[PDB]
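In structure tokens, one chain follows: the form deposited in one PDB entry.
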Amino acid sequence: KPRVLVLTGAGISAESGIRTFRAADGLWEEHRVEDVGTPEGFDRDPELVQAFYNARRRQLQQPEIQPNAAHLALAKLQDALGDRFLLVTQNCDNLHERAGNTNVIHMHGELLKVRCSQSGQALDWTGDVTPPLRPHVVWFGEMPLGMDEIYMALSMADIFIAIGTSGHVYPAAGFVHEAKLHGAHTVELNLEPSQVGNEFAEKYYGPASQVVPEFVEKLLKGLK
């Protein structure tokens, strides 16, 4: 069986009720990234930033937020491939886990975890953060998580699939190139062509809820 590495971004959770970064501006939930997505922003106004992520963490756990068909198809893909499958997400949501995937690598961290900044230890956390703990979230200028295991998987992959990610943020946006260097077949699945879509050998566009189960089904049937 082929070794398959899947990278996901915010687009796979859009249809689950988690709104995406509007490209038109530089704003996330009507906030500038510099203010809520950098270490500097956290230092200048810790209580705004803590409130911002407290809000994201609560919204994540609302009843109307659930895995969609795309999350489910990736759980089925892992079921079929076992240890020849690796899922890497830029998302801080837990929808991959709720769908049934395991050993999900959250290269940009998790909303349901916080970090005691003196230690390096991440702690489970589902409620608000009050009065120093910080969100276990990778901000701009900080090193993504799990990169050693990710780059190893990139060099070993037979198929690399990028789903729901716009190709603006590195190093994740560079994964397709790395995969191609080590011979992987590359696939982009997205609502619209990404900033790096030209690097991919194969591509399908449309809502993830439709495009991803369609591709996964075609992949699984090609196995047997």
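Rigid core: the largest C-alpha set superposing within 1.5 Å between the two forms. Positions refer to the first chain, counted from 1. Compared with the form deposited in another entry:
- The Cα shift for residue 196 between these two forms, taken after rigid core superposition, is 2 angstroms or larger.
- After superposition on the rigid core, displacement of the C-alpha of residue 21 between these two forms amounts to 2 Å or more.
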Second form
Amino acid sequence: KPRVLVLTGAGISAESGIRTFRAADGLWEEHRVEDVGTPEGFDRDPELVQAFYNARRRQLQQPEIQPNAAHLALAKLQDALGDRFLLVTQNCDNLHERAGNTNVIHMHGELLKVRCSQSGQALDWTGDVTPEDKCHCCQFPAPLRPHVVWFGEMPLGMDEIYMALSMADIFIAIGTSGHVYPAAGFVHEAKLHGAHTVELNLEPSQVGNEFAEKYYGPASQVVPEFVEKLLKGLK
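Since the structure above is the form deposited in one PDB entry, I would like to see how the form deposited in another entry looks, so please show that one next.
Left out here are the partners and the other molecules; the chain alone remains.
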């Protein structure tokens, strides 16, 4: 009856056609992370940053965008393990939710949520954000910002995550780059507490003994077959 914690990154959603939040060369595809993924960027040019996330939010909800087999396999794994399963994602898309996962910890926030920039309260939000969209949680309504964690900000749900990490029998990292901390350090924390560690990725992130078990290839192929193997090892 093992406890399983799964961490996912941008690699699992790549095959779904998602404009990516994988940082490469300081770029998020064609935008400077410094400009649209930092608190300073939002302070320097909020109208641009709101437009960048408005565009991402729209693209996320286009009909061609669907959870892929890897998303579905994790939903099956949660079905089989119940409270013994926790999914933590660095992704701000909702493809895990659409797949059927519940209680997903979005450590970097969610594209389909916005946040009151003073209260910090988040709320579901599917449309554009305009300068006249303001909070309802405060005495003087304040501007709303994307509920996406930027580089330089503290990730969400870390107490819950580290608790689960200390308890996990199996830790699986899927589609993560190994460049973004503290997420990339979770494997180390998992191994310090005796978990069996697994990497499922398109390319190797780390080099060494820190993932005990590793399989590489497209997420839609490698992930369902690891999960299906794991699910048959319970029976």
